[PDB]
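Read off the chains here:
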Amino acid sequence: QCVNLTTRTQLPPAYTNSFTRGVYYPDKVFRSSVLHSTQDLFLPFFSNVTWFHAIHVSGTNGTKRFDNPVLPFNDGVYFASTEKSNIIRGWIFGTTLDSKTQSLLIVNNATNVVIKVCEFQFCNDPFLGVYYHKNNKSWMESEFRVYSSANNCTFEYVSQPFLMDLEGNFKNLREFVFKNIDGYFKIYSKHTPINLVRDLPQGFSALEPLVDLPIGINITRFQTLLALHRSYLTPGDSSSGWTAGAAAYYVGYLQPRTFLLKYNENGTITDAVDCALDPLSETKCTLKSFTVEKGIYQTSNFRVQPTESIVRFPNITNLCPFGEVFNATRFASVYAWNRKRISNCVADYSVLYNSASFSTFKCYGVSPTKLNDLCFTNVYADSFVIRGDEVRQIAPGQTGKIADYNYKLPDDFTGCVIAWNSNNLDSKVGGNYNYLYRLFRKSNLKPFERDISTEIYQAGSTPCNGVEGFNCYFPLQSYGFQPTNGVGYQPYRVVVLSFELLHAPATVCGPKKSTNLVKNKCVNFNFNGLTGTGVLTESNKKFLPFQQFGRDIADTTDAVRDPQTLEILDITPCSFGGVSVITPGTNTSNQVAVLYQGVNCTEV
Amino acid sequence: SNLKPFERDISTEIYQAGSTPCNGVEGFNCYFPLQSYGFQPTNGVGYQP
Amino acid sequence: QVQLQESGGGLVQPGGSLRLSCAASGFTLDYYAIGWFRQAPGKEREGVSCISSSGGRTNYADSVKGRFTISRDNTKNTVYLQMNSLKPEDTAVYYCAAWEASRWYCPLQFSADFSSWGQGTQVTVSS
Ligand SMILES: *[C@@H]1O[C@H](CO)[C@@H](O)[C@H](O)[C@H]1NC(C)=O
Ligand SMILES: *[C@@H]1O[C@H](CO)[C@@H](O)[C@H](O)[C@H]1NC(C)=O
Ligand SMILES: *[C@@H]1O[C@H](CO)[C@@H](O)[C@H](O)[C@H]1NC(C)=O
Ligand SMILES: *[C@@H]1O[C@H](CO)[C@@H](O)[C@H](O)[C@H]1NC(C)=O
Ligand SMILES: *[C@@H]1O[C@H](CO)[C@@H](O)[C@H](O)[C@H]1NC(C)=O
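Chains as they are written, first to last, in the entry's author numbering: chain B, 14 to 180, 184 to 620; chain A, 459 to 507; chain F, 1 to 127.
Read the hints as simulated data drawn from the structure, not as lab findings. Please note that the accuracy of each hint is not assured.
Mimicking BS3-like on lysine-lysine, the simulated pairs with C-alpha atoms at most 25 Å apart in a straight line are [said to hold, decoys possible]:
id, chain 1, residue 1, chain 2, residue 2
1, B, 558, B, 535
2, B, 206, B, 187
3, B, 378, B, 195
4, B, 113, B, 97
5, A, 462, B, 195
6, B, 150, B, 97
7, B, 202, A, 462
8, B, 129, B, 187
9, B, 444, F, 65
10, B, 356, B, 187
11, A, 462, B, 113
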């Protein structure tokens, strides 16, 4: 069972430098007297590490509290312990650290290690209540107060203790590295004596692999485990703990890096070189040696990276005559369909989509927000006046009088149907009967089939011969379009736009957003389909009115015409190059200089 | 979005089919993600388990 | 993609209660003022109950005063009308509409054109 402590009070972190530690064997192969390069998760040389006291005294009274904040676990963690009296006991790993996500617990008592993977319900302040025996005192007895409950256990492991017994300045380093890759949780370990070094000591010691765990769980945050020998019920004034917590622990975070390790003859990692630390290190990487001779060497290649992209489009008030069709005064009858075509002109579908005046938008095959994105070979506009309840009949694969007897709609549309109410423009008080509808036909119609024949249909067996009578009706009936009529009978103005998407030239395109011109900074540009990278500058050349391109002596294009306002712009790739390191012999000094070939020093 | 290889997602969050947020409640353009099927001995070969 | 969808309609007993809900998809319904309308068999579409954009102004038909209450959730973008003491006179095809105020003044008592219309639900009261 768990027992609650006092608040952590959010103590400010403390930082300290790490001097070339944490190198672990990346693989399981024996290699002798060879320099080998590896790209893997490492701890950078001369990095920041955060340091926590095991027991901290910050209150004026002399309060002793356990510094055990939760810490992020981002892709490997290096844990170093400066310790002398066996106070740390284990670790916990998870995302939520509760009964909601799978959790990992490693503990170490005086006998062995316990590795457990279950759905533990942890308390806010896990610890191990430890005490000595009244006679022997050789070993410490531990009571677990780490979790409340454990369920759904999928792993168990026991082996030799991870922490050697520490039972008066004989401080030692215990260095561990945890990684979690491909569902495998790898622990690399090392133990080392030290003297009179409070921080991480300057030196080098490899990390050998200790254990691999087929856990396969997901880890984001972790917490260390500490042993309370004191009485949480009755805290002493002082000296109940351990000299105000001299023993403590340092945490560092790994990230992907490339190293050069030097295997000696025995196979022991004796030195390593970080590759991106400083230019001399980059030279040692590129030359693949531990020592660099005097001279000049080419190591890397400098290159400016564009930060943004630009796309450009023309500048014309004239466009597709959508306004003249949608806002037209008169619209044809619904059984003699006026079909219009729009071509060789630019379409702005955002005017129609964002108008917030059209009652129905129904696009099939193309999303309505990408209507301006795509280029269509042709667009057919059909604009008529239909009753409200029959607006639903205008869609692929539907039935009804208009759907069947008027105009069949195929099931493979790539186009849009748009409708807006026309009560105040089409209806009159006395009834507008200028739109005629047929209710009887011999058979259902073909897709995109127009019939205007006015022959009187034969409902019975006797022939009509173009004359009404018994079982003989004229095809077209009138609608009572009135401003007082209901929703189903009021007139709605409907336009269908069918887009032709074939392997054919595109005459209808969306200018989209004419991205404002941003020059004198090499950007990713896309002019009328040309995609490239480079800097745009004003140029005094003159293109012919039909010419859109400018070519160098080679195939590389240089100057492009601005569709908005001509003033030809010219393109220049933005200053690539190469970095050289000027250094003397490394046995003299490690100071270096950097030279950037073929570029001045403003973009560096 | 499409998923990473061998990636396990167990979330039961109600997806937002529209622009309005669902906030874990079904409704308009809001649905539970999982659907079940009538695995039956009389179904066609294409629909057999 | 602007859609208004009504729901909750059906058959109820006279003197009973019913609740009707219209939702907006493809656009935000908070900006618009919302009116609930009905059309009875053989009658014209009359104004039942209107609510403002912010919900601070409401208007009711005199036939439904003291029986119907209109409300709105701008967070859930949904407009509700609660019916109490329903009568056979209330059987109608029932629509939700959204529009912006066409006249000066806060009150929504006056009528105008209505921008967006749903398909509606049937409300039948008979026993
Ligand atoms: C490490 O900490 C010091 C201050 O303690 C800070 O100035 C330095 O920039 C940190 N390291 C890096 C790489 O920023
Ligand atoms: C681990 O959990 C976090 C949320 O706590 C999530 O963002 C991440 O995708 C998870 N990783 C895997 C591999 O599921
Ligand atoms: C390590 O190498 C030294 C010489 O450098 C040799 O004397 C010693 O025996 C080697 N030890 C092992 C364990 O290989
Ligand atoms: C097209 O370019 C001219 C350049 O003088 C500009 O004045 C005009 O505003 C541009 N068109 C639009 C719609 O902005
Ligand atoms: C770039 O370097 C050349 C080399 O002399 C220099 O003349 C030119 O002015 C430099 N450009 C800028 C923008 O400083």
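Hint by hint, here is what the structure shows:
1. B:558 with B:535: Judged against 25 Å, a Cα distance of about 19 Å means the pair holds.
2. B:206 with B:187: Roughly 15 Å separates the two Cα atoms, so the pair holds.
3. B:378 with B:195: 52 Å, violated
4. B:113 with B:97: 36 Å, violated
5. A:462 with B:195: Status holds; Cα separation ~20 Å.
6. B:150 with B:97: 16 Å, holds
7. B:202 with A:462: Within the cut-off at roughly 23 Å; holds.
8. B:129 with B:187: Given that 25 Å is the threshold and the Cα spacing comes to 29 Å, the pair is violated.
9. B:444 with F:65: Roughly 34 Å separates the two Cα atoms, so the pair is violated.
10. B:356 with B:187: This hinted pair is violated, its Cα atoms lying about 90 Å apart.
11. A:462 with B:113: 23 Å, holds
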